[PDB]
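> As a plain string of letters, each chain reads:
2 protein chains.
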Amino acid sequence: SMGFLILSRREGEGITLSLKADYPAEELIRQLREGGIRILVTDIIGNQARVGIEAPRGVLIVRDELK
Amino acid sequence: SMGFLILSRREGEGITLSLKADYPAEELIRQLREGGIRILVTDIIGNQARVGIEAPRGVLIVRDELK
Numbered sequence: 000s001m002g003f004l005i006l007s008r009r010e011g012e013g014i015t016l017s018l019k020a021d022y023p024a025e026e027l028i029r030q031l032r033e034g035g036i037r038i039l040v041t042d043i044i045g046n047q048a049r050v051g052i053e054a055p056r057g058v059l060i061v062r063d064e065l066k
Numbered sequence: 000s001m002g003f004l005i006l007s008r009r010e011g012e013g014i015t016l017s018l019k020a021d022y023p024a025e026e027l028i029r030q031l032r033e034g035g036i037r038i039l040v041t042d043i044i045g046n047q048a049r050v051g052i053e054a055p056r057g058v059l060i061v062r063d064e065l066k
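So the protein lines, in turn, are chains A and A'. A prime marks a further copy of an entry chain. For the first sequence, position 53 matches number 52 in the deposited numbering, and the numbering has no gaps at all. For the second sequence, position 53 matches number 52 in the deposited numbering, and the numbering has no gaps at all.
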C-alpha cells in the first residue's frame with residue numbers, strides 16, 4: 000500500500016523526496032519503475048496550495064523546513 | 000546536473016514521477032538516496048499553482064493528462 004501526505008504550501012515552500020536507508024535497492028527501484036510517485040494539487044485556498052504526494056513506503060517525504 | 004520542470008496546476012491536476020527505463024538501477028538509486036527530488040510551490044496565481052520539480056536526469060516527469 001502507499002504512503003500519503005497532503006500539506007498546505009505557500010510560495011517558496013517545498014518538499015524533498017528521498018529513499019529510506021532501511022529499504023533494499025532492488026525493491027525501491029521496482030516500487031518506482033512500476034508505480035511511481037504521484038503529486039496532486041488538491042486545493043488552492045488563496046495564497047496556499049495543498050499538495051498531495053502518494054509514494055511507495057520506501058520513499059522518505061520531508062518538508063523542506065524540517066530537513 | 001538536474002532536470003527542472005515548473006508547470007501551472009489547477010485543483011485536481013497532477014504529475015507522475017517514475018524512473019527512465021534506459022538508465023541503470025545502481026545509479027538512479029544513488030541519484031535519489033544522495034540528492035533526491037525537490038518539489039517547490041513557486042507561485043500561487045489565484046486558482047493555479049506553479050509547481051517546480053527538480054530531479055536527477057534518470058527521473059521521468061509526466062503531467063497526469065499526458066500519461
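Think of the hints as simulated: they come from the structure by calculation, not from any bench. Check the hints yourself; a few may be wrong.
To be verified - Interface residues of chain A toward chain A', partial, derived using beta-carbon atoms under 8 Å:
(1) 1
(2) 4
(3) 5
(4) 8
(5) 9
(6) 21
(7) 32
(8) 35
(9) 38
(10) 40
(11) 43
(12) 46
(13) 50
(14) 55
(15) 62
(16) 65
For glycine and all other residues, C-beta sits at the position ideal for the given N, C-alpha and C.
> Work down the list of hints and note, for each, if the structure agrees.
Status of each hint after checking the structure:
Of the supplied interface hints, the one on residue 1 of chain A is violated, with its beta-carbon coming no nearer than about 13 Å to a beta-carbon of chain A', more than 8 Å. Interface restraint check: residue 4 of chain A against chain A', minimum CB-CB distance 11 Å, threshold 8 Å, status violated. Hint on residue 5 of chain A is violated. Least Cβ distance to chain A' is approximately 12 Å, over the 8 Å limit. Interface restraint check: residue 8 of chain A against chain A', minimum CB-CB distance 4 Å, threshold 8 Å, status holds.
Evaluation of the residue 9 of chain A hint against chain A' yields a held restraint, the C-beta minimum of about 7 Å falling below 8 Å. A distance limit of 8 Å between C-beta atoms decides the matter here; for residue 21 of chain A the minimum to chain A' is near 12 Å, and the interface restraint is violated. Residue-level restraint check for residue 32 of chain A holds (minimum Cβ-Cβ distance to chain A' is 5 Å; threshold 8 Å). For residue 35 of chain A, the suggested interface contact is upheld, since its CB lies about 4 Å from the closest CB of chain A', less than 8 Å.
For residue 38 of chain A, the suggested interface contact is upheld, since its CB lies about 5 Å from the closest CB of chain A', less than 8 Å. Taking 8 Å as the C-beta contact cut-off toward chain A', the hint placing residue 40 of chain A at the interface holds, the least distance being around 4 Å. The interface hint given for residue 43 of chain A holds, since its Cβ lies 5 Å from the closest Cβ of chain A', which is under the 8 Å cut-off. For residue 46 of chain A, the shortest C-beta to C-beta distance to chain A' is roughly 6 Å, which falls under 8 Å, so the interface hint holds.
Taking 8 Å as the C-beta cut-off, the interface hint given for residue 50 of chain A holds, the closest approach to chain A' being about 7 Å. Here the hint on residue 55 of chain A is broken, as its CB sits about 11 Å from the closest CB of chain A', past 8 Å. Because the beta carbon of residue 62 of chain A sits about 10 Å from the nearest beta carbon in chain A', more than 8 Å, this interface hint is broken. Residue-level restraint check for residue 65 of chain A is violated (minimum Cβ-Cβ distance to chain A' is 14 Å; threshold 8 Å).
Figure legend: structure checked against the earlier numbered hints; hints not met, in rising order: 1, 2, 3, 6, 14, 15, 16.
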